[PDB]
Every structure is written in C-alpha cells, then in structure tokens.
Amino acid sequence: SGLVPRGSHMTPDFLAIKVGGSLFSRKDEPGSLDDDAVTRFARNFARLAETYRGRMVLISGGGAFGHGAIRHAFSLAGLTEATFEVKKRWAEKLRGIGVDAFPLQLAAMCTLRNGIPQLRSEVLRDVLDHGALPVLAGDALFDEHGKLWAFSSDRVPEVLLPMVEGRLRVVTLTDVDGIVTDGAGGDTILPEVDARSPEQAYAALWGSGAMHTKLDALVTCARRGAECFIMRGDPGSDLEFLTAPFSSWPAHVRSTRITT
C-alpha cells in the first residue's frame, strides 16, 4: 500500500468532528435544541472548517430529535427525517456565519452489507473536493435484505475510512472528559487506548452503552489508521488545537486517545 507517515508529531489531513446531542439538546425535552449552544459551537467549528476546507466533516448527534425517532419496522424511516432536521439546524447556523455548510442524508448515500456501512454515493467526496463542509448525522440505513437499522452518529466516522487519504483525526465531543476508570461517578481518565487490544477500556465501561458505541466505532477507525479522541465539548471552547499535532496540544486538554 502507500506508506503513510503517522505519529504524535504529525498534522492531520482530515478532521471528522462529532458533536454529541447531550451538548446542545435535552432528552427531557423533545426537539429542544439549545440555540445558544448551537450558535457558539458553530463559531468554533467555522474556524476549523476554514483551515480544513474540503478536509473536514461535522457530524451531529441526533439529540432530542433522534431519541424520539427511535423511542411495522419501517417505522424507523422517521429517524431519517428527525436526523435531517438536526443537520439542517447546524448547516443553517454555519452558513449564517459564512461557512459553506451542506447537510447530506446518510441514508441516501450509505447502506449496510454484512453489518458494515458501505458508501454508495460519490457525492460526499465531490462536496469535499468543492471545498464545502458536509454536515452529517446518524440515520436509518437499509441493509442488503431491505431492513432498516438505526445507525448511530457515533459510527458515522467509519463511513469515511475507505474514502479519506492520509491521516484522519476523529474527535467525538461529549459530556465527559474521556473514558473514566474506577466508577459511575468515578476516578480517572484513561489517556491512551491501544486499539489493537482495548480490553481495559471496555472493562471501564462495565465499572460504571452510548459510550460502548463510541468505543466500538473509534477502535474500528483506529485499526484503519485514524487517530481518535473522546473528550469534553463546551460550546464556547476554542478548538484550534484540533488542527495541531497531538504532541503540540495545550497542557490543559484532557482526552482519551485511541490509536494503534
């Protein structure tokens, strides 16, 4: 294959940034989006998108829209409509501050075959090549038998693996600083996880599901070369350091980093 230089010293070629629904919605409130949170995140995502023009996707968690859309197995089709709404809210906000943000329906581009997502549309690569920011989300995907399955926003980065050349960095922003070991309301963050043998990270989740889906996806991505992070999102936080080699990140940043 092509030898790809990789390491903590290296700059990513591509950023897949996933923003958790817990950060901008409330499950106690169907389709409450927090517009202030969306507004402030959007400003920080826009700076990333300018640097990584054509080299970034933003993936939204389904939040309140999602959880109600999966709360007659064709009834899951409603999910694609609920996640489109969230994409629309991000994209609208981004375009309002000068970003060329375009929502794409993953269900129109991707199907499942033997449980593995298959990118079936060339449009995503074209949109990136034109310098636009795809806004993606979880979705209802058809499998090879015609059955719909809820495909989490956390697994969307897996879809990029065959498409992205060079070094992919995947960042999953959530409401915790990473994978915590020793307690549900517990003890320290696991800073590093080796995707080749991540048994200790899975063991920490048992100690205290959503997080299990995240780990599964980011291990999958890391086993194909990606550098992956689970870390805390905050609408007003500067994110410029996500452009930088990991060894150059500021000292205050906490995360769980998943790599091979």
The other form holds:
2 protein chains.
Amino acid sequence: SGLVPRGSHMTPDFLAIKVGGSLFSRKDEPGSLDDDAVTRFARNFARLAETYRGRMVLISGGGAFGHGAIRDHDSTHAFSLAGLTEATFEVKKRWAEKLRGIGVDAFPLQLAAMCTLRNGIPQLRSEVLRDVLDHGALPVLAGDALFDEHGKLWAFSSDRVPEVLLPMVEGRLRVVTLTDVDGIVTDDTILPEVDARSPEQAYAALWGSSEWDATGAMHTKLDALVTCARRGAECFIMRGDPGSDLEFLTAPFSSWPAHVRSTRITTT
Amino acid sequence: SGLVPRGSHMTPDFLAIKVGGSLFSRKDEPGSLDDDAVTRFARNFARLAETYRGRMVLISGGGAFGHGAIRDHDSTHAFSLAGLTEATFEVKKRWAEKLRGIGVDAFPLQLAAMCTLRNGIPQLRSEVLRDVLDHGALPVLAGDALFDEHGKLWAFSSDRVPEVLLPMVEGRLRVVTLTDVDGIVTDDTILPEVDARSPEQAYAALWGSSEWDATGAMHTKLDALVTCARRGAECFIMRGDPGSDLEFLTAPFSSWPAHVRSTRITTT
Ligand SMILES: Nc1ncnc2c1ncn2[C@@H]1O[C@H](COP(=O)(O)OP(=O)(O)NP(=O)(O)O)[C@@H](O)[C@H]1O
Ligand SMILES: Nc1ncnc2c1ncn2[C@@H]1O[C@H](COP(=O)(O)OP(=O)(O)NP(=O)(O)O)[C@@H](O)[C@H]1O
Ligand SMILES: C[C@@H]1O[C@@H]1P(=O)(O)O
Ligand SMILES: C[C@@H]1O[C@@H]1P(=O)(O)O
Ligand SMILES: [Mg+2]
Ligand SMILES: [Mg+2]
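Starting from the form deposited without fosfomycin (FCN) shown above, please give the structure in the form deposited with fosfomycin (FCN) bound.
Below: every chain and molecule of the assembly, starting with the one above.
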C-alpha cells in the first residue's frame, strides 16, 4: 500500500530460505536423506526462525524424492505427476518433524492445496499461509505438482516458491537460495551483483547440466530470483553448508561478515 | 442460489464417501495398513469415481496414523499436534497412490492447508478443492490438525470433513460414512431413519467406547452427519466391507437393493 525504503543498509522484514535437495539428498539414490545434514541445518534455521517468528518460510528442495517422482512419471498421462505431491510432502515432513524436535513451531504446507498456475504465473489461492505466519508458526514449504487452469499438472520447483510470497509480504523480502556453488560462476569467478532489470550477463554464464536435472538447475534458480527481485526482493544464490552459521542473514547486506561468497540479485 | 428438489426418489449430485480407519488399519498397531482391504475398497471406489467425475471426494479415516499421532502428542504444547497433519497425509497418499494405479485421477489434498476453525465452524479458505473437482479429479481427503483463529491446533476428524463441502456443493449432496457397525444400534436393533431437526433418540442410543478413541467414535459421526443433513445433505451410517459392491450409492435411496442395513439422516 505505500513507500518502502530498500537498500544494502536496511534489515529484511521477511526471510524465504530455500535449501537445495542435493545438499541433503542424493538425487540418483531412491529415498536418501542425510539426517546429520538435516539436523545441523535445522539447528541453524531454528535460530533464524525465532528471530523471524511469523516472518519466515523454509523451502525445501525435493532431492531424491522430487527429482525421482518426475523421472519416473509417464509423460503420456499428465496426471502421473500427482506422485510428486506425495513425494515433496515427504521432505516437508522431515524438516518439520526435525525442527519441532528442537522447539520450532514448524508446520508443513502442501503448495498444491494452496496454489494453482494461471497463464504460467503461480497464484496463491489459500488464505492459510498468511494465517499460519500470523500465528507465529514456521511454514515448511517445497516445490510440487500444480494444476493449471485447464487441469493439467506441472512440476513446480521449490526455487519458484518465493514468487508465491511476492503479493503477500509487506515490506522488505529477502530470498536466500542455498546451493552447491558459491553463486553464478562466469569467465573461474563468481558474479557478485546482478541487476534484475537487465540480467543478461548472468543468463549468459549458465552451462548445461549432465542431463540429470528435472527442474532446470541454475536457469530456474535465476528465473525465480530475477522474478522476485523485479518485484522488490533482495535475492541471493550462495553455498549451503550444514554447519554454516546463518545469523548474518538477518543483517543488512552492508554489515555481512568477511569472505562470504554470494551472487546478489536486486532491482537497483 | 435456487430451489433444489430433494427426496428418496432423487439421484444425488455429489458423493462424499468416508471410510473408517478401523476398516483398513489397526489403531493400536503403529503403521498398520491392510493393503488387501485398501486394494479392494479402492477398486469399488474407482467405479463410483468414474460415474461421479468431479462430483466426488474420498475421505479417509486416520487409523493407526491419526489416532496414533493424537495419542502421543504432549498436551501442554498445542503445537505437538502438528504431527497429525503429517500422519493423515500418509493415509491420503496410500489411497491416491492405489487409486491412480487402477486408473483414477486421485489427488491427495491437505485439509490443514485449505481450512481453518473460526468459532468452531471449519472454514474452507482455499479455492483449490473446487478447482480440482472442476478438473474432473478425485480429491482424497482426511481429518487433520486445524488452526483456529488464535493459532491453536485442534484435531479434526475425517467424519467432519463433509461439513466443509456444504457451502460449496450445488444441488444434492450425499454423505456415506462406512463404518464397523450397520448403523446406530438402539434398545439389539438398528435405527433406520433419523430426523436431523430432532435427533434425540439417535443421540440417546450411543454408548461409551473402551477408552481407546481420540476422535469421539459414534458421537462425532452423528454430530457431523446431523450438521450436514440440517444443511440439506442425505447422510448414511453403514458397514464398510472391502469387497462390498457400492454401485447402489449412485442410486435413488428408493431403489436400493434388498437387506442393506443403514441409518439415514435427513432434514425431512
Ligand atoms: N554459471 C553457473 N554458476 C554456477 N553453477 C552453475 C552455472 N551454470 C550452471 N550451473 C549449475 O547449476 C547448479 C546449481 O543448481 P542445482 O543443481 O539445481 O542446485 P540445487 O537446486 O541447489 N540442488 P538440486 O536441485 O537437488 O540439484 C550447479 O551445481 C551447476 O552445475
Ligand atoms: N448406538 C450405537 N450404534 C452403533 N455403534 C455405536 C453406538 N454407540 C457407540 N457406538 C460405537 O461407535 C463405533 C463407530 O465409530 P468408530 O469406532 O469411530 O468407527 P470408525 O470411525 O468408522 N473407525 P475408527 O475411527 O478407526 O475407530 C462402533 O464400533 C461402536 O463401538
Ligand atoms: C520439485 C522437484 O523436486 C525438484 P526441486 O524442488 O528440488 O527443484
Ligand atoms: C483425525 C484422526 O484420525 C482420526 P479420524 O479422522 O480417523 O477420526
Ligand atoms: Mg535445483
Ligand atoms: Mg471414528
């Protein structure tokens, strides 16, 4: 409804943290979950969750489950994808279950029950997300199989979940996507800043996976964050490490500790 | 929006079928699921689902999972109940997974992501249910842990899920609750008909469980169906049997086969 001050000096009002599947699950290993990694990440997320109570969502990568359930679905019945919803709910559960164990009010929410696709733009269609946050709880979210306006299912990566927050979050949204690289690498060298109004050089730098990636690797990652940033968010691609202290993610970007490697995406 | 003809001669426009946990899961046995029973029920539900495409929901009892996750939760943190949502999602998955296997477009939906409690009346708060049905799909639903307006979680039985349909379904709603008795037994003898405007004798007949029931056994069953029936639904309590042919549930109650035992609840 109003003028929002934004800048490297300002403190974010909302944290959307997305953790890559690959950081806790081996894609090509059915059912796999590094519990040690989950435990230790969960412990760092929980400290953030207490600071940002009702002002945070944790978004989980699909790992073996999500990439698995897309791999296997028959392409000739769009509806076989429905397995993906059951698959990514499994990962939300693991996080919530773990986070509650160390005192976080973590509640898993099924995105497919809350959000549809309407001309390719994901539409929040449930008031429950806003309510859970208002209650001071921590929504644990993930990618999903989403219905479009014609009833066809589409695989929707956890990377794009933050886009769903855009029309909902008042004030400063920060999106941090924890990944298995330090940021977008160009040339042996990571790009520190990307202007979301002209991300040309960032898109120019991406390479193709070894064919193993159902949700578009870095390209979908950049699409999502470029989309959020054009809508005001401060967005980051950085390496997730299960033991890494993340308290600085509550801090103005100006006052971030030394030698943190990231790619930041903003609409100057 | 208009005048709806209703009667024992008329054909229902919408089927809400609720199957008791006890019919496929042993409450006091953690994780248990009678696969044979699920397979065979699923097969009978699927024939209904094809007839009532986009005009049906399957509602699953919680069984070992749901009754288990309530049993175990610490009562002093209301938020421990969050386990119940992960628990009843497990059962929805099993049904959907099975139903899709024999060609049904079955999609599990998390009620807690769609519905809150507001002065004790469950409120549908997501447009997704209506949309999934409009797409011709079969929502697989269940009880859940639901947030109230103050942020406290409450255990919400599958038995009350039909109440959520009431403001949504145009025309004639039929609710069939498949259970482990033939109907409400009074006196050695089952009550054939209950007027939802004065259910006194029906409520008078209920006995207390052996203390083993977290969601109120027959009392919650009657509450839910009395609530639906006061709002126009035709409602039934009858014995679920996994091999029982259920094609007659699409038929006017007048033209139901011989010797079917049920208790019918209507607002004359
Ligand atoms: N210019 C680039 N800089 C960095 N990484 C890149 C670049 N281009 C492509 N990539 C690939 O993008 C990957 C990051 O996306 P991705 O593999 O999807 O990570 P994730 O989503 O965090 N985990 P998962 O989804 O389970 O694979 C890297 O591992 C690189 O292979
Ligand atoms: N007057 C009555 N007539 C029939 N059953 C009754 C009556 N009063 C109490 N009951 C109990 O109500 C039970 C039915 O509810 P319930 O045990 O909750 O069935 P369910 O919901 O279908 N399966 P589950 O929820 O897993 O136990 C019966 O098994 C009876 O013990
Ligand atoms: C939705 C499928 O799991 C993948 P992602 O969300 O990890 O991209
Ligand atoms: C919600 C808890 O599982 C029970 P019910 O839904 O089977 O009553
Ligand atoms: Mg990825
Ligand atoms: Mg019961």
